[PDB]
Amino acid sequence: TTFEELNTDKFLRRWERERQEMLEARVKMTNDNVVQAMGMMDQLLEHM
Amino acid sequence: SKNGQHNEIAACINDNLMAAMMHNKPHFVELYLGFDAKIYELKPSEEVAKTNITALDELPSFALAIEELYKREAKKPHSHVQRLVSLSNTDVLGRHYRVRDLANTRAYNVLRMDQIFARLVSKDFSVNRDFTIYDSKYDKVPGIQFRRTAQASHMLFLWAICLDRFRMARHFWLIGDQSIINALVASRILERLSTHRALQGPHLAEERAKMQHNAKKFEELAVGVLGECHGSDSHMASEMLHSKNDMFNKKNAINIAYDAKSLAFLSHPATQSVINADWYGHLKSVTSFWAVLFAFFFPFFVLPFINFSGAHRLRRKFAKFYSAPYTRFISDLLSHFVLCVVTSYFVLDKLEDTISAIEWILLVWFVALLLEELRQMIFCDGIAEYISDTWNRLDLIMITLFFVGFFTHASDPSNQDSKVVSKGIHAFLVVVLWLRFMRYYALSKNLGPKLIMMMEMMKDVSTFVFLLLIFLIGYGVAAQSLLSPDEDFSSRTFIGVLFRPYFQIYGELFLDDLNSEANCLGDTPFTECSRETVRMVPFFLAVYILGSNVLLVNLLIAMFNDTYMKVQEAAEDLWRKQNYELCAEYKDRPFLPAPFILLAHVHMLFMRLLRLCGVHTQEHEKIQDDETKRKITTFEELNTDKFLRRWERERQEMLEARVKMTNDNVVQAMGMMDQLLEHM
Amino acid sequence: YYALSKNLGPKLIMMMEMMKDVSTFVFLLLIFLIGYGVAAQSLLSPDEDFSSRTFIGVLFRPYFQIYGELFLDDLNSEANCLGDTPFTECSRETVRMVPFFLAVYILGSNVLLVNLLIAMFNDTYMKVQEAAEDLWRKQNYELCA
Amino acid sequence: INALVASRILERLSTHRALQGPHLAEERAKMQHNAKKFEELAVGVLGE
Ligand SMILES: CC(C)CCC[C@@H](C)[C@H]1CC[C@H]2[C@@H]3CC=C4C[C@@H](O)CC[C@]4(C)[C@H]3CC[C@]12C
Ligand SMILES: CC(C)CCC[C@@H](C)[C@H]1CC[C@H]2[C@@H]3CC=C4C[C@@H](O)CC[C@]4(C)[C@H]3CC[C@]12C
Ligand SMILES: CC(C)CCC[C@@H](C)[C@H]1CC[C@H]2[C@@H]3CC=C4C[C@@H](O)CC[C@]4(C)[C@H]3CC[C@]12C
Ligand SMILES: CC(C)CCC[C@@H](C)[C@H]1CC[C@H]2[C@@H]3CC=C4C[C@@H](O)CC[C@]4(C)[C@H]3CC[C@]12C
Ligand SMILES: CC(C)CCC[C@@H](C)[C@H]1CC[C@H]2[C@@H]3CC=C4C[C@@H](O)CC[C@]4(C)[C@H]3CC[C@]12C
Ligand SMILES: [Mg+2]
Ligand SMILES: [Mg+2]
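Residue numbers (the authors' numbering), protein chains in the order written: chain A, 1110 to 1157; chain B, 435 to 533, 547 to 756, 787 to 1157; chain C, 917 to 1061; chain D, 628 to 675.
Just chain A, same shape as in the assembly:
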């Protein structure tokens, strides 16, 4: 039971890591990050 729970946790961590290396997820992550980058850029220009 302990071995099975540990391997369940290992699979899901590995599954999440594998799913983050997909093209769709990386493009989605890149898009949201650039939007957040311009928010930080707006904050910078205000400070200037």
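The hints are simulated quantities; they were obtained by calculation from the structure and are not laboratory data. Heads up, some of the hints might be wrong.
[What the hints assert, rightly or not] Covered by chain B, according to a simulated footprint, are these stretches of chain C (three or more residues, beta-carbon under 8 Å):
#	region
1	964-975
2	1025-1035
[Claimed, not checked] With a Cα cut of at most 30 Å, we get these calculated DSS-like pairs of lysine-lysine:
#	chain 1	residue 1	chain 2	residue 2
3	A	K1119	C	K1054
4	B	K663	B	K1054
5	C	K922	D	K664
6	A	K1137	D	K663
7	A	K1137	B	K1119
8	C	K1054	D	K663
9	B	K1043	D	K657
10	C	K1043	B	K936
11	D	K664	B	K922
12	C	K922	D	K663
13	C	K922	B	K922
14	D	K663	C	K936
15	B	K1054	C	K936
16	C	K936	B	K936
17	D	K657	B	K708
18	C	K927	D	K664
19	B	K510	D	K664
All C-beta atoms, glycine included, are put in the ideal place defined by N, C-alpha and C.
Model the placement of chains B, C and D with the ligands on the given structure of chain A, informed by the hints.
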């Protein structure tokens, strides 16, 4: 807008919007719509001369502006609009078969285009125009502004669907109302427009394809809004699908969709739920095909059949069970099956010296079918709709064959020759009867799509028949001349050219028979013959079966394989369309089987003579209230808005859109970065 | 006992799947077979009482003509057509329509229905072909169990 | 074991007797899809 210059926006918005429509810039048409662009306030560039027609003068200004667009588009070389107007063969007011100065200067008026599109959809689609709502006296009324937009949008919508501009069409579709019905109408106009008669040419091919593409997009729209309806309130969505619409002559939406040949709309769960609920009637959907048949054979063991919906309960239960279309289909199947078995027995068994009892039973049965066919002809939408069905063609041919054969036997029953000729005609009757029995295979998810595939492969055979005749006639004339030379032409020569050559393509070789006919006397088949020319028959044949059995038959197998992949992918859609056609056909079918449908026929005729005529007391009228109609329209607009918001959200999650958005955003990020470094 | 093999095993599962495809074919062919058989049997032997031989006659040739075996010499003998050309000098003019009915029938049977079944077989093979390994591993367990 | 049980319930649920109708077709497909996902889970942990 922020600086209070809204009046200047409103003064120039109509011409600017007009210019945007002329120069094919959809993004600019949306931009303008919302900043007070009133589609009904358009003005023509030139002034139209009076034409002494009360219909043409009663038009609004926005009405001459849709014409000017058609004239500008039409004056360009090889424009399909001018060819369609010319091939329509109508006058200036849109009246059929009535085609001067009035016919050429105002050939592209909105009323004439409305009539052409109305004839393009179906035989019963009429869009009622009411231009009077554009008067200043109809201004204190609350909701008119919506009506004026919707009507105006509709006219522009029809123009934008015609020139195949999907984006402007979709926009004007969004401005107006009856979104689902308008999308189906748009799909129908693009599909009919894609073939018609003017666009038939090879060079217009890519162009017609575009139309079909556009067609697909619009039904996709029609499905989509509906889907939201199915995921917002299923029963109210069902009420919308059962709702009688004013443009078509009180046809519901599923019938409109079937007439528009929209397979995607018909395959939708909401549409299928309405068709399935109508199909099973007041019978639980989970009732066996076996259970209903057994209950048909055993009506007093049917009390425990399935949850449904003294005297007024047993009687009510019998009237609901025998009023269901599924039960009527099962009764018609069994009845037609007995007709096939009994008629097959009748043709196989010997005819008597007088009209036998089984012959009289079949005579009564086919009159009853003839009366049923006459009933179907009177109670339909049209003669063209009836004759379109392949099963109606098969039933008319089978009734016609039986009566020719019977009268042939009945003219002289004590005659051997009459019996032989009559049985010869009745052979064709039994073949067409068993072919007509395949109609009841359509309920099954395996057997149904296969009939459609069979009619498609019948089209492939005809192509094969055209290709084979070359080999068959050429080899047959050549081979028949080589086998039997110096013989006068007769009917036997014609039978000889066609018989063996055709049957040699199925692997049956007549080489022993051809050896006997060649008069070649030897253990080796073609050596010791009287004439040396007959030794070339095995060679001609050698080429021929290489051409026929190996090349043409296998080429047909390849055509069949393509045809199967084609009807295989849309087997589900075609089965769902057949599902509707079964449901529609059995709603009006009297329940009693075919021999016993004479009692039902005389009962309906007696009822018809009594009611809705002299000394009548029975009349039914079921008209929907205005409240439920306004509920369906508001619900439909809300679900249209929900679909488009969901559609935009889904389209922004696509890979192409996200990559495009990411690219433009990074470019803007460097612009902001340039501004930063300058500040530093 | 073929199920242990990686080639022979998945093929039995495919055979039971194509047995299901035949049953569909049987339902589609009966229409042509019974219709042509009743029509052809009536044209060949008219004015004869119904018996078990009539029933054997409707089913025998029509079924065996779908495999390319033509009974044209036998049908010529049964039609009582006395001539070098097979159907000209017959006693009755109705029997000259047998070669035509047959002409439609084998076009329907040997060219259209059999090849349609071949297409169904091709789909069935692609279907059990992709999961041939999975089905073999399930048979592996069933042998083991 | 729960993932296998989930796969079994979705596959049996996908046909059963109530969902037999033509209009529930897309719906049952979804079930099968879900079924596939859960056995994928059952395989995955096992793989670890
Ligand atoms: C639409 C299809 C199914 C119907 C075809 C019409 C059939 C039933 C008709 C058309 C021509 C007819 C033939 C015309 C003449 C003769 C010669 C006579 O001595 C025997 C019957 C025979 C051979 C007829 C049999 C029936 C016949 C073949
Ligand atoms: C290109 C291919 C499909 C050609 C079509 C073949 C058809 C037209 C040919 C092939 C075999 C032919 C039949 C062969 C023999 C006979 C017997 C004769 O007493 C009457 C005509 C009849 C019944 C012929 C009618 C026409 C026929 C059916
Ligand atoms: C270009 C294609 C058609 C190839 C041509 C080959 C033809 C012309 C050949 C192939 C087989 C040949 C036949 C074979 C044998 C004999 C027997 C001989 O005693 C007379 C000629 C005759 C009857 C030949 C005639 C020509 C023939 C038919
Ligand atoms: C590899 C394959 C395609 C070989 C080609 C087969 C050809 C060359 C063979 C097959 C059958 C043969 C024919 C069989 C019988 C005869 C009758 C004889 O009196 C003259 C030759 C003739 C007419 C032969 C000519 C050659 C022939 C047509
Ligand atoms: C629509 C389809 C079925 C085509 C119809 C073609 C049928 C009706 C034709 C094709 C071949 C024809 C037969 C060919 C030759 C003869 C011989 C003649 O002395 C009597 C009629 C008879 C026996 C014909 C009857 C009609 C016939 C069977
Ligand atoms: Mg709307
Ligand atoms: Mg009919």
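For each hint, the structure was consulted:
1. 964-975: holds (count 5)
2. 1025-1035: Held - the region 1025-1035 of chain C has 7 residues with a Cβ nearer than 8 Å to chain B, which meets the minimum of three.
3. A/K1119 / C/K1054: Distance of about 28 Å is within 30 Å: holds.
4. B/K663 / B/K1054: holds (17 Å)
5. C/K922 / D/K664: holds (28 Å)
6. A/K1137 / D/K663: Holds - the C-alpha atoms of D/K663 and A/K1137 are around 25 Å apart, at most 30 Å.
7. A/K1137 / B/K1119: Given pair A/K1137, B/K1119 holds - Cα atoms ~24 Å apart, limit 30 Å.
8. C/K1054 / D/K663: It holds: about 17 Å lies between the C-alpha atoms, which stays within 30 Å.
9. B/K1043 / D/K657: holds (25 Å)
10. C/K1043 / B/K936: Roughly 28 Å between the alpha carbons, so the hint for C/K1043 and B/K936 holds.
11. D/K664 / B/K922: holds (27 Å)
12. C/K922 / D/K663: Holds: C/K922 and D/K663 sit about 25 Å apart, inside 30 Å.
13. C/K922 / B/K922: The hint is violated at about 33 Å.
14. D/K663 / C/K936: holds (25 Å)
15. B/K1054 / C/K936: holds (25 Å)
16. C/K936 / B/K936: holds (27 Å)
17. D/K657 / B/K708: Holds: D/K657 and B/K708 sit about 27 Å apart, inside 30 Å.
18. C/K927 / D/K664: holds (28 Å)
19. B/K510 / D/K664: Roughly 57 Å between the alpha carbons, so the hint for B/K510 and D/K664 is violated.
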